[PDB]
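What follows is a single chain, given as structure tokens, in the form deposited in one PDB entry.
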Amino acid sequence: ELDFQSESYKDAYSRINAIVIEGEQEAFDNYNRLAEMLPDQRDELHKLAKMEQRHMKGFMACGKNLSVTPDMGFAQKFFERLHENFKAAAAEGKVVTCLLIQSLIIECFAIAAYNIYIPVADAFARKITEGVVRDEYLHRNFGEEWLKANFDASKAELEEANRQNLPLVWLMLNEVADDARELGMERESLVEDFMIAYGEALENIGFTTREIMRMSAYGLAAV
């Protein structure tokens, strides 16, 4: 009983949908830079970027389906600080920090958003998103397997990158709140599903329960 036609919904949608398009666009780029920095896995590293471009096109289609023009300007600025950190990190061969930003933080944020979105999405959008989500399950998380295979060498930079970057996702959660509520996506649910995905991700890489509690609390304990 959400009105996908009303002006509130389309308005909030212009920004939310833009965020996802932009996030996919930057994932595409990011996974290309990662293809350079790790030329060795560039094959698998190139397949993911392409996959996100597909996903990006899908969400664009979700936009026209609702006859909504996505505010791509607002979306660019939503990702800017994290995009800056990724760029700077990338410049300096800091591949661990790049993977944490893209493979862990960005992709946990998206998986959380997609699952909250589905049960309240319109028919077309729900289909695309179910597809996107399936694609994410049925492919290895590259950066996560890498970081895991390389944990001891990467542990310290990860903790640092987590301190530099986790708070920015926290800002993004607060910024996206109003509009997401309009779409029927509860803010509490998003924070919850994010932490669950991120915490599990940090476990898989090699962090202990105590380390995971410490690292997860870095955004919210400042708030």
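Residues that one form lacks are left out of the comparison. Residue numbers count along the first chain shown, from 1. Take the two forms, superpose them, and find the largest set of C-alpha atoms that agree within 1.5 Å; that set is the rigid core. Compared with the form deposited in another entry:
No residue of 149, 123, 138, 153 other than 138 has its CA displaced by 2 Å or more between the two forms when the core is superposed. Segments displaced between the two forms are 134-141, 221-223 (runs of at least 3 consecutive residues, each Cα moved 2 Å or more after rigid core superposition).
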Given for the second form:
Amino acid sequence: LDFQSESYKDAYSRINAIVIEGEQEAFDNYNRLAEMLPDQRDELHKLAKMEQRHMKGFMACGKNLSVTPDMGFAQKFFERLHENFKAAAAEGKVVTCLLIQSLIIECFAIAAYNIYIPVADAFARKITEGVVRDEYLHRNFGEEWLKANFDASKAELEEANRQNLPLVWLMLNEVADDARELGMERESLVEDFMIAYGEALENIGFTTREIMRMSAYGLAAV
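Switch from the form deposited in one PDB entry, shown above, to the form deposited in another entry and output its structure.
Shown below: the chain alone.
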């Protein structure tokens, strides 16, 4: 792709902002989770530190392409999901917080970042390669915890999914056209996110009917 074209740079201004904002919010989210889960405080602080590194990497990706990120756009993009995390944290709802960041958001990021890698400029490709591998660890942390605590967490997981999965589906739709400009096909993003999230839900303990119901709250939101 022509990384120096005005159409590419325009789309990149919003995409770069979105990823910078997402990493920043993930840093705050894992730091908040560290307070909520004393037994895993050290591990969660380590995950937060990785997010800070990711944020700085993506800031450099924008600099490399001479793109100024549209942070106002990115704030608004995350706002509804972010405020839901904040409310859950205030309520001491650790399960909801874990689902939002560790599973929903990390799965969205894994799906999107892996689709970006083969169309990314060489500088951004190497950065993204390093970021996605941390994302596997983040998702794995959430899966391990929720699986180990499945019975106690299940009802809240269902409630949290119903409220928050539609928000990420709306985000997926909002980003689709800019992502297409960057060479990332919407069909791939949708499939890969649905597969990743569905598999995560199966891995933690949900049945086929439960996975379909949970996934449908997202798909039906469009």
